[PDB]
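What follows is one chain in structure tokens, specifically the form solved without the ligand.
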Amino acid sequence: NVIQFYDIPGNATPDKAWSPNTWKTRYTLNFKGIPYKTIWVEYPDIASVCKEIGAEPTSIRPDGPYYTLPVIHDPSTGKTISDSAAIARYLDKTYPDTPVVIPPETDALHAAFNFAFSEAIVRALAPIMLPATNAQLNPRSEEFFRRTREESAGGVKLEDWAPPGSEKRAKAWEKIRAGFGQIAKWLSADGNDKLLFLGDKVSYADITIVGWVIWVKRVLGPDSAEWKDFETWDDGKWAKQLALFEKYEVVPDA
């Protein structure tokens, strides 16, 4: 009886996997070779499923506990884990013979990296990416996603976040390119232009990047103008990492 892996369906692709949050863990399970089954739940189901299986919320907010995916339940140990970074630490230690993604000496720098990456990338992607992922959600997730996200933006309709060919959208793209530009700098800060943070071996930091990057690719569309422009950034560095992880960019069709 294998790992239970929870995920939100979308219509961007045939295999239904789009979310950057879950793709970090999907990459992580795939790269570790750990077998798992996928359980597909809608955005408004996430809290309800989490209470059913004993998943901790990932943040406390004035509204109460706030539940997100990825979540895995390990019947082999009875433990349920939320937040892809906690998942990763869990998989590392519960399955020591798999490729380790967070070497202990680098654990706290990985925690610092997650904040750095959240500040540089995640907030920049949102004005373009959230309206776009709303458009490929199932209707029941779309009603929930549009409502909560529009509310979180102080009431601004999704259609007005960054409409195409507008100046708003151009400045959002500019801010996204500048974020990835810093990661490029981090990856070359000592004269060695790396694709992987540790040099030669895969780390969870690399998985974080391709998790969020594959989201842009699959939801904006591989054949879209904006994605084809993305793969030319920083002489193709992000396309190249995607390439390096392509053999783990798979939904085993659970």
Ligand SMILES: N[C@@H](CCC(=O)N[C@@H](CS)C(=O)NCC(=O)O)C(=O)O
Given for the second form:
There are 2 protein chains.
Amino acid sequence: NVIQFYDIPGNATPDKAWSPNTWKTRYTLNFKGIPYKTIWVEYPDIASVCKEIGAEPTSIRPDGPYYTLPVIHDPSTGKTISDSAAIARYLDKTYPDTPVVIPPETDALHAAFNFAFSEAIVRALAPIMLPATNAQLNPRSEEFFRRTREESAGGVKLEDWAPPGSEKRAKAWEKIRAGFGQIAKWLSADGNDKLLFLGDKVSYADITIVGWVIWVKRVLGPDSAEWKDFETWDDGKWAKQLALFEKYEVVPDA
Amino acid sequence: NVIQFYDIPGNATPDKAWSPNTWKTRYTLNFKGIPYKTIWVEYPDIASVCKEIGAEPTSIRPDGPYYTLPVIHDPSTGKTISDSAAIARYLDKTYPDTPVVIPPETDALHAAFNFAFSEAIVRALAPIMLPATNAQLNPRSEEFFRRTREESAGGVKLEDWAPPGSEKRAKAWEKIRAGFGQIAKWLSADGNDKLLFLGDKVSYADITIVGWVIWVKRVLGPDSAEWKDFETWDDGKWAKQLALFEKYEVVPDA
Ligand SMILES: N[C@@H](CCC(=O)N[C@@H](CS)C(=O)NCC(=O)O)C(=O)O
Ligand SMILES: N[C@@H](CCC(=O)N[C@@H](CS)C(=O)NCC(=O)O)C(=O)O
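Same protein, different state: after the form solved without the ligand, show the form deposited with the ligand bound.
Next comes the full complex, this chain leading.
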């Protein structure tokens, strides 16, 4: 009767957890110390599971509703909640004696932050990270993932997005680096070079960063040349942020 | 012996104030209740005056330092501050007995909000708003403005950017409208539909919106069809935000 947490398995790590969006929620559940069970769902099975547990789609597009993980279902409440930001607000509200991740006065600014973060980071990560995460998916997720991502890119095959050693890949990295350079400026805009957005207390905004960053580390690989370069950017700010949350970087087989 | 506030004069209103970026600081000074004296600078003189008074350039691109208004000089302290967000931070620390606009635990989220806002609003406004502000600049500024902006747009004359009745202008408006829709989403992301980002207290994020919005109202004109349509967007949230700040929508006679 614990909270049920829906995740997509991958082969990047033995514990199977790789997704940037589900890591945001997994970090959230771990940081709040709330117990949960993990339910593993292949990409093509996501919509039929959501329909079957009553999860709202996270956006409605031309061709219909679009279902994503993370989803949690809270049996203590009956509620099914989809989207990591919505899950964070739900957990803040339903388990108020856990550490708050979105203090109410910062709620709107957190929603502004998620947009600024998508533009500066998610869009730049894609040409390198999506072909990489595709290469570690189970066969039925690869079929679905390749087909849909290649289609959303106009038909450009993943292998052509940014081949190793190419200049496409090299300029993808430069825009990635610039993106994280912007987050570095936000975190030091008043002269005080912070690791956390609020200063001393963890916020969902920090959980957002480490969620996307642990995705890079785990899929590119901790010993990959590109990841070890990444650890040195902005005097290792991003490596350091990961370290702070390492106690919460946990996939309980239990 | 008062703070000197450097602004760009225009003809859209009697009081000569039109700039989106200087209104952010003009709202900021008025809301904080700090006395100051405006001194008007035409565009082609901005770089020359900044050098004269020791103002930092607000950004540095390969082709040189880039000097912008607003700027303030504080004879009380001897300091010259450029960039509206830097001015607000400077005024917060330097006059602590005035109402704070950037609470320190929200400082970094304010800097992400500035990026989120630029991306969502500023670029969308440009095809419609840069030509309209050109038409109300004094001739020394019009020469400089039309030249630099037409050049920055590949040679397209301002009158062709989004002319009235065109489909270019219709699609520019839908992009602007959707941009303000995301701010509406951020202000109500927790289901509490706010007018102010912090909830009940004014913050520089709120000041950022009205400085850009009052630029649209003054330069398109309060009676223009386009502005009166703008007042109806999002059940009047942006009109209502202007109303909240009408007290401080003042160019003091001084
Ligand atoms: N805004 C959502 C994004 C969720 C999302 O994109 N999830 C991906 C996994 S990383 C997914 O389930 N993909 C659905 C699909 O592509 O079919 C959140 O933050 O939860
Ligand atoms: N980031 C700056 C932007 C200021 C800015 O771009 N100001 C314009 C007036 S709206 C300017 O002075 N431009 C000078 C030019 O185009 O030469 C701020 O927020 O203060």
